[PDB]
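Omission of a single protein chain aside, the complex is shown with its protein chains in their original locations.
To keep things simple, chains are lettered A, B and C as they appear, and every chain counts its residues starting from 1.
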Amino acid sequence: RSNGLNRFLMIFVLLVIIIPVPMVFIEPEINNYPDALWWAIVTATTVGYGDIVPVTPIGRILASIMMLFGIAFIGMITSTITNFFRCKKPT
Amino acid sequence: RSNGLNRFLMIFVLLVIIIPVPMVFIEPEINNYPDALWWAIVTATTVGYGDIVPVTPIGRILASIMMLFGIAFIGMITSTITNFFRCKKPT
Amino acid sequence: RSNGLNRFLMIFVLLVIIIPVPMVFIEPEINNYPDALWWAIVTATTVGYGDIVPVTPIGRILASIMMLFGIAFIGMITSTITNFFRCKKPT
Partner (left out) sequence: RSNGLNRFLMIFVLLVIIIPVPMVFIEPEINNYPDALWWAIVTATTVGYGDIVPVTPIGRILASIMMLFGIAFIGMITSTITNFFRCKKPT
């Protein structure tokens, strides 16, 4: 679907903005939103520097969701390119 | 195959649950199952924070399997999206 | 497009060369261009060792761009292979 990419992008961007909020109050290593927002991208982009790591179960559970959405993001981006640069081959 | 995604998912989820078990008794850095379960996801999602790292050969051998299944997981997810959002183009 | 891969590659390679320049003068952990060039690849390849990590907001903003281009690079490489080894199936 044409709105399929937009629907997955709006929910992914929403998480990378909302998930850092509880992470400030539940994690000791996370002491502010800019720090939490940074970690969320580092995790959702499947880069994982390790400079900010969740310790608490809830924090490690929320991190797991961000990783699962992180790999889904790559799959959504790769599909938006693989299906885009393949239709130009016949005509 | 329709059951092809399910067959790869049930064996992948099984490993992320079973592989953390020997990792507790063989690794010094891993001292419990929740810690081991956390590392398994961090590795299988190809994020790799480095907060928990295998030292022993067996632990580094089991980690290699988890990484090889980790990249295969992305390939399985990307294929389940690339082939899903391409069939809607003609009809 | 045939020049589509070249257009994305020339802008990606340009960033991995230009982005390390401000990173030397804005980050304390980055004290030279070879160090900065190394970090840029580690980030753009979505490997993320964590040996060099941005602290400053601007440095963490520039890093985010490099990560977003990093995942786009994998998507560009995977599409240049998935569409290349699929056209040889019928003829």
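In this text, contacts are C-beta pairs under 8 Å (C-beta built on N, C-alpha and C of every residue); 3 or more make two chains touch, one makes a residue touch a chain.
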Within the entire complex, the undisplayed chain is in contact with A, B, C
Which parts of chain B are in contact with the chain that was left out? 1, 4-5, 43, 46-50, 53, 57, 60, 64, 67-68, 70-72, 74-76, 78-79, 82-83, 86-87
Residues in chain A touching the chain absent from view: 48-50, 78, 82
Extract the touching residues of chain C with respect to the undisplayed chain. 34, 38, 41-42, 45-51, 73-74, 77-78, 80-82, 84-86, 88-89
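Heads up, the rule we're going with is that only the chains that are shown with their structure count from here on.
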Copies chain A and chain C - rotation angle from C-alpha fit, nearest 5 degrees: 90
CA centre of chain A versus CA centre of chain C: separation in Å? 17
Cα centre of chain B to Cα centre of chain C, whole Å, reads 25
Among all residues of chain C, which ones touch two or more of the remaining chains? 48-50, 78, 82
